[PDB]
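K.L.:
Here is how the chains run, residue by residue.
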Amino acid sequence: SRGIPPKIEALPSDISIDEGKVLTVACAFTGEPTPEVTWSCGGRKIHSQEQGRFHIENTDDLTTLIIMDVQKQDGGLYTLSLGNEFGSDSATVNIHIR
Amino acid sequence: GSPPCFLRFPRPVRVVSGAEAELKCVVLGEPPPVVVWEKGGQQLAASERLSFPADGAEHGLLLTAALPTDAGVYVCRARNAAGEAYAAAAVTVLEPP
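Here the protein sequences come in this chain order: Y and G. Just so it is clear: in the first sequence, position 60 is 145 by this note's numbering, and no numbers are missing. Just so it is clear: in the second sequence, position 87 is 453 by this note's numbering, and no numbers are missing.
Honestly, the hints are just simulated from the structure, not real lab data. Don't take every hint at face value.
[To be verified] Cross-link-like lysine-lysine pairs, in silico, DSBU-like; alpha carbons within 30 Å at most:
id: 1; chain 1: Y; residue 1: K106; chain 2: G; residue 2: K405
id: 2; chain 1: Y; residue 1: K92; chain 2: G; residue 2: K405
id: 3; chain 1: Y; residue 1: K157; chain 2: G; residue 2: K405
id: 4; chain 1: G; residue 1: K405; chain 2: Y; residue 2: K130
id: 5; chain 1: Y; residue 1: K130; chain 2: Y; residue 2: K157
id: 6; chain 1: Y; residue 1: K106; chain 2: Y; residue 2: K130
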C-alpha cells in the first residue's frame, strides 16, 4: 500500500459571524497516513482546550473548527494546514466579525 | 437553543459538461437553520437550471445541466439565532475532447 500526500478539499474564502454567536467551519481532506491537523490564526496555532471557546474535532477525513461566544478579536485570517509523511497542504479562510 | 452543524457534509462532484450535478447536505440546529449557498463571495440566486431543493434537514444545490461556467467551490451557509455553520465542496466539470 502507498502513501497519499494530504489534500484539502473545498474551504470557503470568506465567512462571517455575529459577535456573541457560535461559528462552525468544517473541511474535508484526504491523505495516507491520516494527516495531522493544525488550525492557526495570524500564523499562531489554535489550541483546542476543553475549558475554553475554541474546539477542534478531527476524524480520518474531516476537521471541524468551533468558536463559541465569538469576540471581535477572534476575527482574522485562519489557516488550515495538513501534514503526513508524504507532504503537506494549506488553505486560508478570512473570518469576519459583524 | 442549539447552533447549526452538519450531520452530512457536502461532497465533491465530478461531472461531464451538460450533465446533472447536485450537492447535498444535512443540517441540524435549533431552531431549524436557514441555508443559503454562495459562490465567488456572492449568494447564488435560483435560475433556469440552478435551484436549491430542501426537504427538512436535507438541503441541496441542483444544476440541471452543469456547464464549465458552473465549476468551482460552492459554500453552504447555515444560520439560526445561536450561530452559523459553513462547509464547502468543489464541483468539477469535464469538457469532452
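K.L.:
For every hint, state whether the structure bears it out.
P.N.:
To see whether the hints hold, each was checked on the structure:
no.: 1; hint: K106(Y) - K405(G); in the structure: 24 Å, holds
no.: 2; hint: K92(Y) - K405(G); in the structure: 21 Å, holds
no.: 3; hint: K157(Y) - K405(G); in the structure: 25 Å, holds
no.: 4; hint: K405(G) - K130(Y); in the structure: 28 Å, holds
no.: 5; hint: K130(Y) - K157(Y); in the structure: 18 Å, holds
no.: 6; hint: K106(Y) - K130(Y); in the structure: 22 Å, holds
In the structure shown, no violation is registered for any of the earlier numbered hints.
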